[PDB]
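In structure tokens, the next block holds one chain alone, the form solved without the partner chain.
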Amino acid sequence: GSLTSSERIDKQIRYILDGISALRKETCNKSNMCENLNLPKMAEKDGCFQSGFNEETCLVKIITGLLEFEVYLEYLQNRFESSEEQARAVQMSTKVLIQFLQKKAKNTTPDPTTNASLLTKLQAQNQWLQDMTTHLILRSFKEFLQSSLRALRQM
């Protein structure tokens, strides 16, 4: 169904959000960082807000951003000790998510090679930078999901 599928996506996102919240807790319990990277962000032009809403361009953006987050999600593996099953679950449930959004759609991936070296570049940095990268992934992937969640609720 349409209501079934839409509930099922709503639910999958909420589960990822809970997870992110766990990693958040664990990380700024070390960094206190909760108040360059070019991380995927929603802008009014993407069609996802209530002023300027557009199903088709919103949905393309959701799926493109999520696909861009993936390498940042890979970065996240083994930077967590008490909340690692979740670190893994977040990575894996994003994939399931992207798969649900694709069945929903009609009509652009990232290159693995940039991603292989962007990833060694982030992993190469000092411990403060490493944690600063983490807090920003978590923060921006979260805002991204929330924005995706509100819009899907209106599609």
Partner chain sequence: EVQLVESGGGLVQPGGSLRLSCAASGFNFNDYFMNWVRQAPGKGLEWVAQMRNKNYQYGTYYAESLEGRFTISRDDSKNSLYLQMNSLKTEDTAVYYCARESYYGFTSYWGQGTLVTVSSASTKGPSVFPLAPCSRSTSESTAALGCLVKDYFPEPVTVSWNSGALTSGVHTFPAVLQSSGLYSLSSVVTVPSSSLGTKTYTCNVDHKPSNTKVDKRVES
Given for the second form:
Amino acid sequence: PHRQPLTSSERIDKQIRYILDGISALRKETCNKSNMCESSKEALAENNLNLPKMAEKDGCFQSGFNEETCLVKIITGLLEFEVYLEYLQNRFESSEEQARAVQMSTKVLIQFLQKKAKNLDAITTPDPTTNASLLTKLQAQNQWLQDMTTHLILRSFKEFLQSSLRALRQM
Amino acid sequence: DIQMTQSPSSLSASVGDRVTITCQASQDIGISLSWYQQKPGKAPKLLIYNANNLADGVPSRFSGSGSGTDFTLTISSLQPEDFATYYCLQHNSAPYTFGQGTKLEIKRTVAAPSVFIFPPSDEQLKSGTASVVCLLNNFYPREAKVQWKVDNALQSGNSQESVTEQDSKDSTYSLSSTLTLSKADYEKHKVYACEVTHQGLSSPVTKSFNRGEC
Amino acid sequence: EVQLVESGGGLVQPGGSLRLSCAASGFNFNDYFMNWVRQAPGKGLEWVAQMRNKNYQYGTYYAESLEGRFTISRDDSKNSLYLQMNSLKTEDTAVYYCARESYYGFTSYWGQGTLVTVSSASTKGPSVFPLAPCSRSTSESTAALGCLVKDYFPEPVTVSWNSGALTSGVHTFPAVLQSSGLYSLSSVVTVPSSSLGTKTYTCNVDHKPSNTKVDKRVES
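Condition change, the form solved without the partner chain to the form solved in complex with the partner chain:
Whole complex next, starting from this chain.
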């Protein structure tokens, strides 16, 4: 079935939904094994994590909406998530393709959004050295802490993309 | 790597007393710390896992406490079988790390050693070496000084010592000191003596023999 | 029951290499992380290495103090864990325990351990000499006798008295390492002095590394 060309915004919308679908498949696999995403003591794994999240000051919610500050926050947030998506690559075999897809699709999305931004002056790029050490730190942990880290990343990334999707529909 | 500081290194306590052992981690490890008990000649035994969970069959007088960097093992009303070496294990992030260990020993009343001296055997002497052995049997506390004298001359550098683990029935120690000489030096002398100083003795006790009388 | 059995221990020259093995049974070996832990004679526990499973890409971690001299590996088709040790030094002399790591990270099961001795000394059976006083005491109610187990290598030796029938009052002391590189220990027993000459006392010494067995009847 044929259609007209997607606009930039429609392309972005479709990209986010594709990533969410992939995150969903990853979540399903994680929660069907090991601790079954039992989350009572997840605060323990959260200590080592600085996961991006929306706040009202970011201007991504309908109330207090601000297109410029929101877009900056989404791009900055997604750039910060990338080290955590790299972490996820080793945690899924029997789902290699899916974890790979989520990671690649997020990179494509970042580029779409950076095109939409111009300028990128307010965009804080995460430090590679800090990211390499963080990744090492996360991988060194025992299996239980790694299962919890995995679940926290998936949930938090899902939440960030859901809020991003809603905000980008207003742009 | 995460470093562990376990305290104290050694602890002397009475049966029925309460003791605490602490471990500090060099960074936050959450609750990912476990406590091990080890008896002489045996593999370590898990007592407490994930900071506060008692292992199967572990008596409830054992309890673990703490989170983050500071952890405590408490033992209430020590029983004789509880005297051993205790270790914490950091198992948050590899490489995992054991603490330095706490050796927990029974406090008992002072017991003076029985002292015995043994000359070298004729069988050993055939081979050119003479071992003179002094035994201190069943004393408390562990601290004891043994000094060797040959024809009244204080010896240095030619003896080695060995001390047993605390006895499982009477809570005492025993010490064995060996003086080593060539057959030639052994034969040049007459009086072989071991002098023992210990808290249980009001004055030092000397045991000796004369070489030609054996 | 879970069983972990170490092999491959023994003596090795300074600078040498040794490969330890661990045969696991009674559980699905493939699913578990495994560790090596070591303990130098009379010293504290030292965590050595971790071998992860397939799910974790067979990742390996090592204590930093080892400076990369050791290599851990596994063979899941044989239910076996390995520790390849290189550039060995005397401070690597220890009992080495194979251990199963919990999901939670703590060590849950241990092998009995295998002794590795790093030394220039060669395997040597002990000479066993009697320990008996110069003469019998007439005053004292307690007598001591024993055996000196001299110049053997490596550890360990086992000593019993009267084929295991005499255990009360027995003290078998920790070996001392002599400047020659050989070990020496004494085993003593205290007995009522009235027993002397009414009964035989024989120490039974066993040194598996040299396959030596010695009975020494002590006359006092």
